[PDB]
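Next come the chains, spelled out residue by residue.
There are 2 protein chains.
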Amino acid sequence: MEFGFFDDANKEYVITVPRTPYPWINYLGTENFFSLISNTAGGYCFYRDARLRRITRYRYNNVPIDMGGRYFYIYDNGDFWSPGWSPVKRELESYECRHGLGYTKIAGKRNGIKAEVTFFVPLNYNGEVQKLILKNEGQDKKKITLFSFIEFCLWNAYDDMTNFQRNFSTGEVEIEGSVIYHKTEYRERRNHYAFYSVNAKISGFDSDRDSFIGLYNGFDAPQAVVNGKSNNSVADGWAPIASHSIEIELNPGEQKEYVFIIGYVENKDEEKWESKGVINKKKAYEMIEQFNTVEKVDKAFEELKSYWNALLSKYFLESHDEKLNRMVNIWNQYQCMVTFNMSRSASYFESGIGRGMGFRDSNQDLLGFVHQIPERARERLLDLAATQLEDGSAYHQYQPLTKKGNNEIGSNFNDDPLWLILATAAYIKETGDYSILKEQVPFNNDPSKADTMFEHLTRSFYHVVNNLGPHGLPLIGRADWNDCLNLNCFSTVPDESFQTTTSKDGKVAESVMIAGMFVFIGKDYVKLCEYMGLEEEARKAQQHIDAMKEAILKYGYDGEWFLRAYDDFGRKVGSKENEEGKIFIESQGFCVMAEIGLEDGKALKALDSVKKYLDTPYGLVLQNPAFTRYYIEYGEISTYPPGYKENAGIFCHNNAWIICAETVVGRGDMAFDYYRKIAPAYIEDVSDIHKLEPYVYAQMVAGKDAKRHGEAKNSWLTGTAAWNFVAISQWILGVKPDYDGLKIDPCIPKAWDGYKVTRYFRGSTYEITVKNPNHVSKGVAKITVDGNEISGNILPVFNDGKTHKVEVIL
Amino acid sequence: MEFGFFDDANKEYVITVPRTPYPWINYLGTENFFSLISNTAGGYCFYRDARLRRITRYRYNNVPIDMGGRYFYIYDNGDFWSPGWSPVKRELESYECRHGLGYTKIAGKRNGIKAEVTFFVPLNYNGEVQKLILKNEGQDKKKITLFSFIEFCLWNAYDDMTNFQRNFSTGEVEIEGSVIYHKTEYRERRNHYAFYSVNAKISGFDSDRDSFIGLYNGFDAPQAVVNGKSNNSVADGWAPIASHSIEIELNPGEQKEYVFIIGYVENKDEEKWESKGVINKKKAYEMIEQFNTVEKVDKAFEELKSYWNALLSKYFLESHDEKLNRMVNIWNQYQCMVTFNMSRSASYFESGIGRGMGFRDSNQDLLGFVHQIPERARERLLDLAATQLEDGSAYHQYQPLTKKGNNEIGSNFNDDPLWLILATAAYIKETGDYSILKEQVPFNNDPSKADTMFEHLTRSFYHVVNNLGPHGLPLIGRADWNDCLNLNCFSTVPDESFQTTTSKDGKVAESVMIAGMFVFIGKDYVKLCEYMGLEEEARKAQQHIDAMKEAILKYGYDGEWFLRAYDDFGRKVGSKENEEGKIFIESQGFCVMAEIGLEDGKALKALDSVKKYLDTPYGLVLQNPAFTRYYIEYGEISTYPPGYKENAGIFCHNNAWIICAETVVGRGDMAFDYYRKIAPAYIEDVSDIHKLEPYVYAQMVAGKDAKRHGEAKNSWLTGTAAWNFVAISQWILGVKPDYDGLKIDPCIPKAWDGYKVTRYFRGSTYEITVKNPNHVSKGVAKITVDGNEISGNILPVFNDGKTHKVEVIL
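If you read the sequences in order, they're chains A and B.
Residue numbering for the first sequence follows the entry's author numbering, beginning at 1 and increasing consecutively.
Residue numbering for the second sequence follows the entry's author numbering, beginning at 1 and increasing consecutively.
Derived from the structure by calculation, the hints contain no laboratory data.
Don't take every hint at face value.
Claimed, not checked - Here are the simulated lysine-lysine pairs, DSBU-like style, with alpha carbons at most 35 angstroms apart:
id, chain 1, residue 1, chain 2, residue 2
1, B, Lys-572, A, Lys-183
2, A, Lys-183, B, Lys-576
3, A, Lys-576, B, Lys-183
4, A, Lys-276, B, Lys-89
5, A, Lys-404, B, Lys-404
6, B, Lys-736, B, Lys-802
7, B, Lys-403, A, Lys-504
8, A, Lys-89, B, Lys-89
Build the full structure now, drawing on both the sequences and the hints.
Following this line, the structure appears as structure tokens:
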């Protein structure tokens, strides 16, 4: 089943039915002001902090779902309805939602009246603008009433949802002209406030929730909208809201335009008041005047369109597959940029109460968004390193707001330091800017103990070098990339965290996943060592890498696939000797990217085993068989019902690693079939089974052992987007950044006749055309740049701001 | 306006209309299983812990209000309704709700079908029983179907409401017979589960919320109830629920009876499973069999009635005023016992996420329920003492579940140690059991550092002595009883606690309230010292008390009332020199109770000033004038809008102290008029203004400076009940427990002709008849016990389990 279609010309997804299998949302905002908006105009907005500066109120896991947001009511002779079909839920003559890049349009018609609302956050503007067109498409003149409604939050979502015993008496509002100001706690210690404004004269207003709606009425039928006029209520505690009411007369064919603004203002502590008890509204006046006409709103809309076009213009693909073109050209890059903007703060599955992102998550997102924003990527990389500890360890949780690491969560996730090396190498390969290696980064945010960034990478390498186990494999510690594989926990108490509670010293449990990661990233570390002129350091690093590879080949291979780990007892994890979890997905991908077992056939056998035991029509499952009971020696992984999350669920994050491994072994058809199973554009026609947004990646899809097999959870906030974009664009399509330039090495399905990619790389544009006369999967036979044959597979660097034609024959 | 009445014979409050100014709730449970239920059958249940063992889900501050609870649907030929009028909100021929002592009965009828449900938690039973009667009062036979519905919670309210990234995949249920078992995370470190059962054959069931209700439907119209059939859905993640569906034939005049049970079962770790993956239901089986017939439910109901009747039987008043009779005899004692059972965990204003109650709160609550449960009060006192620190200070927050103090919040609330002496003295006065003073009590829960209870009282006394200020007054720390008077905070940044953040050393700011406390409570300590045989210690304590009294008289009196405090700068707080807050309420209450200025007229002047500046028709405000801006040197008190909470709001908690002071000065009419303004039974006819439960006390009523003057907040959970009961029963009616016996000293309005009190005291019952031939307020003329005239005003102790007649003439 399908609930809409893609609009590739306008870069939109069009939802044509209000009742999607789940609310499908979109993100507005780029710098400081952010908004989550659903297809029925539900969601909320905040300023830089969904936890500490939330502006509007939203209820998660509500009955009915997605109840609350920017609500417009059209009242007509006792009838009333909503453009988004919610909250009123009366049948509309026509409904449409369009999710674009940073904007959302919602159109609804009933009784000959059509309402179209465009929501977007303009650039360099701490507010969300909603432009409303009200059109009379009937044959008679009409008198209608337009109602606006938002619900304010008390700036602290946890306090707003738990501390009623104080905050039921603190809500304060102001009403001036057509503007309603929310200024709760502005009198004591807050220098900021919010406002809801319209650019036309209003017939009435409302600011008390119990007066606009009523105690025993829901959003579907407020008492004021039912009665056809506002009550002009001034909020005094309880729940502040903002509502305008405008009386409109429309001739047949006549339309009217309105601009609503939700804005945020910060004042200097000295200039906080205009008079005693009256707030300073100068900044609000300027903000409102900035968009007091439709022309200015249109100009800002066009500027935002240009912004997103420039963001997405750096990688363009022209192939025969429209689904692939739409995935690569628009939605993958858009999701990567949105993940950079939002981290893991707020979604419809993340409540916005969290305190930060993951260190590995921050480093892995850069692999996705590096080619779009190199300077912000450099700044983010330098900020991440400053939090690293002196011994090479890292904080598990990073806080981009304060640019610090969470001390309460702590350390001992032993895979974290390698992601910094991987991200730094990716940035250097993308930009060629080696100068980042010579910058003075502090340790633990301490300027006194500051060293070069290459020193940080050295500490990251030798943290793994020093913490080895009985078999020569890295000690897993608290956990590795798989946060639910806790081999040092042994927890029997229901309420203690699986990731922070440890009862074992951690000197026995190992991990071959971290070993494969070490072998994979040590190549980049050795290259960086060779650049800095340290030949002896490079020799030592190569010796350690070779020792780790030998350890993997001796104590890490089960016999037909790579092992997973060794538990604290010293027994194998992910082995055919076990009764459950005989094979895991994480070790195979990273041990095949590291080129381990490529000559003896171990990698091919491991990939064949992955296909045989982990493959489902909806992707690869994490492990097989699923754990049917609780294993105290394994941690949280077995605490899930079979087929869900880490208990044999489908993580599309580590499916990209299997895709990369399949490209490494030279099987492009298998890699592309693996890619297709999880790509949003290829699973749109099965939307009713997927149940989530058909335009973005989700974190986890139910596995074969589940009875909801095929259903997804935790959309829009994933490292899936970055890794899948990397897999499709660099390993399959074969356009890979490299230290000397741009490497061409595709691995594609044999049936493809070819394709072409337009790539902006280091101050120049390359027009790479790949053709497959003899239908093969891998192997480059000739590259010509600007009409001249070159040697090798690395394109020369020009940095002249021109366009060069590249022809590749396989 | 009025929304119900009192049924004094049946000890109930009857609500006759469902649309009440706010949801009015009641508590079921006595020992471990507890439940909150409103007049529309909304609320939730939990086991000993609203935070860590919540069984059913409830949404606070919802739109519409109070959505979620035990919901019964009656479906009849396409129509459907609810006996509680919610959530369907279809008009009923008749509705009634009776809130009783530990039980709630809701009756509703429509289309000739009447449904009556009685909810109560039986004694020694970890479950809530709902007995349902369905009666056909029409003239034709009918074919109906009955639907049950509750929504389960995942046992961790914070995790349930914030951690959807994991818990959307963890929900698990079983269905067997007529029982639905919720066993989320039972496959793991949890050894407990819940169940919903009915004692009849069911036509169908539902356990998935999206299948019973639908994604875009609310509680008002579930899709299964609309269609008239169940879907037989088995929950797999998302939101587990429990729903039975029974098809019923009804003849005219015929009725059917059903018993629904919400139960909680804990298993041993070695007896968790009947078979692989199948839970052990033997305990659930016997629990269900315990109430499989209406007769057993009726027997348990009668037993609970007897339990509460014995609980409230130790203080009986017979006066001419029925409102006073119902306040003293039923509802004050009931609220005190409920506060003991629930502490401050869960209400409709407390979200149930807190970790404990206040240390002073437990001691102050003990003053109300000591005469009902003397044996549990002794254990409570011993635990509270065991939590105390070596230097005499105490933890601010007590955790009755773990019997520990909250270390993360800390200490330095300098009034906290003084309440322990008051509570211990009250217990000794009530019981005469001095042996508590000789028990070895640990310090900081350390059995090695254990000493006697009298040593704990000595440390509490000398904590104040060693922490005096520049004027000889006690050094206020983080705060005193007034938690919002933070004179050491000086906070400029939001989202940082006003009560734990201190930027000043704390050696200048003093408190006149703690000084009056020290003078009032120290005399009991001197009496205990004399009992223990330490005459020199008593002499030293009396010297310190005299010095404190001199300090109060020299640096604590403003000139027409008592000062409140000295701020950190050393200036007066609560002085006529200040432009705002020239008079507070606490210092006058406690300095007159300690009899500091009764001979020079200072106390009378202070009380006259209190009446002149703080009196409103709805009570007494905290301070006047209200603070209109933020005072950084004062803390959170000025962070409230005027007229709300501590910014000139009405707390009945210190209204009780003002009543006691008015009895001290001998003005009984003023004391009783102060009592009437806040007593629930006297403000019932103004319910629409009060907006909260007209049968229990609330924490705070909006003051004269507020627009909502007269509106209440934070009901059902406060120290208001205990202190108001103490004021009415001991200071006004004059029956006061004392060392060596029972003192008679009433202070009553002159117009009263007299009254009778039946008191159970130390193993005997007294029938005290007070007569007022010459209409006076204070001063007894003679007391005759068993027909013989006695000397003094202390009744002799008999301890013979008999009844003695006491005649008191004023």
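How the hints compare with the structure:
1. The hinted pair formed by B/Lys-572 and A/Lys-183 meets the criterion: a straight-line CA distance of about 31 angstroms does not exceed 35 angstroms.
2. Only pairs whose Cα atoms come within 35 angstroms are accepted, and A/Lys-183 paired with B/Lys-576 is accepted, the gap being roughly 32 angstroms.
3. Of the pairs offered as hints, the one joining A/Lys-576 and B/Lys-183 holds, with about 32 angstroms between alpha carbons and a cut-off of 35 angstroms not exceeded.
4. Distance hint between A/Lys-276 and B/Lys-89 is unfulfilled; the C-alpha atoms sit about 46 angstroms from each other, more than 35 angstroms.
5. Of the pairs offered as hints, the one joining A/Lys-404 and B/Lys-404 holds, with about 34 angstroms between alpha carbons and a cut-off of 35 angstroms not exceeded.
6. Restraint check: the Cα-Cα separation between B/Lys-736 and B/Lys-802 comes to about 20 angstroms, which is no more than 35 angstroms; the hinted pair holds.
7. Note on B/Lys-403 and A/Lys-504: the hinted pairing holds, with a Cα-Cα distance of about 30 angstroms set against a maximum of 35 angstroms.
8. With a C-alpha separation of about 18 angstroms, the suggested pairing of A/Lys-89 with B/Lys-89 holds against the 35 angstroms cut-off.
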